[PDB]
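Take a look at this single chain in structure tokens; it is the form deposited in one PDB entry.
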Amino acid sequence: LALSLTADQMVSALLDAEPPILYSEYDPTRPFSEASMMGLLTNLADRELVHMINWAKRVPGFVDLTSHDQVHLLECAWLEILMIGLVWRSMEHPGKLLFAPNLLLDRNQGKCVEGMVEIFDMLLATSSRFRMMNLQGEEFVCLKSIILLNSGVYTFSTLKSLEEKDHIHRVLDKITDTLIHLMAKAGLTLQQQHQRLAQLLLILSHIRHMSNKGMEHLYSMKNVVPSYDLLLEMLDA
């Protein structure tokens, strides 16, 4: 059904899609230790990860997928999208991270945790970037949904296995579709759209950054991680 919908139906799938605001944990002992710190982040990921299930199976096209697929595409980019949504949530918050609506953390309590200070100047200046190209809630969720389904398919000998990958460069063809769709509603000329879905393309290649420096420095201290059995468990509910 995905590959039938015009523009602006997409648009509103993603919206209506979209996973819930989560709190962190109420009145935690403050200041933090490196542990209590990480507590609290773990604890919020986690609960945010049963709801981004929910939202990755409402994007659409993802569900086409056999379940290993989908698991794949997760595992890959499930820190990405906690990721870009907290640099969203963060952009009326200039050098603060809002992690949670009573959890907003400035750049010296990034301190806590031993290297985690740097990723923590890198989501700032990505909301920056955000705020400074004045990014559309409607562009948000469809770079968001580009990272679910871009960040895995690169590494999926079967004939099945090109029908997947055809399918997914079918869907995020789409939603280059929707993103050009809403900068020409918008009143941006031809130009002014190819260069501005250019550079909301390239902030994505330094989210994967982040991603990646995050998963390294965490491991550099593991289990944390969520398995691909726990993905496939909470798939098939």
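Numbering follows the first chain given and starts at 1. Think of the rigid core as the biggest set of C-alphas that the two forms share within 1.5 Å after superposition. Compared with the form deposited in another entry:
With the core held fixed, the Cα of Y228 is displaced between the two forms by 2 Å or more. For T29, a C-alpha deviation of 2 angstroms or more is recorded between the two forms after rigid-core alignment.
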The other form holds:
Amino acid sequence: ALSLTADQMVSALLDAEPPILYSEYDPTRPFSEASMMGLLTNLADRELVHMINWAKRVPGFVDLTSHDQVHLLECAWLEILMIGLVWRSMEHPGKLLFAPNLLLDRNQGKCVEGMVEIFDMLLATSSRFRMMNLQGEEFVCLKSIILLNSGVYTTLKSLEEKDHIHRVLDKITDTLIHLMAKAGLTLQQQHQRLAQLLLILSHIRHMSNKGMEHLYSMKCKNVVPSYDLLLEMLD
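Mind pulling up the form deposited in another entry next to the form deposited in one PDB entry we just looked at?
Chain only, nothing else included.
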């Protein structure tokens, strides 16, 4: 019973949208590698709690095994963080709206070694959605595709589960086209926009893998005392 009308599916996915969280950003003290990463980490960890709540209201998702729901989130979480980040940043050219009181330009990216690479990509993806005129109904469908699609490629039970996920992606495809039909695009423009949107999910998968490679290099590069750390122990 995730086989509901296209208008029901959009309504369901709009409802499930998590809140737009606030940072505890301190505007008086300037940034540092340690402090900016600390800020963004706290934010991201808060968003992860709200994303699990969301995941449970996405039609089809709850129907799966727990092991499978865990697996799809483990595989999708940074993708969903990033499409979310990019969606909020549409109204603010050249900048990423990490939170309504936390708006970073490309140059503030450089405050973290090799973070600019991922910023430029997120900024580019933002620019793209803007020029596309991505609608919020389209946005929520993409978020759900990313959750269901990104874990699915990794017994009778496991087969019926893959098949259930594929049935739901079909429903969401149907919904996306319904939105495009309703918005008055020709059939050609419908298939072409559906294609342009799904091709972007591939750039978002790439942005994620790069981001993930970056986050790991930051954990690795603290098998070693910091300046901030060694400072206090004398002081």
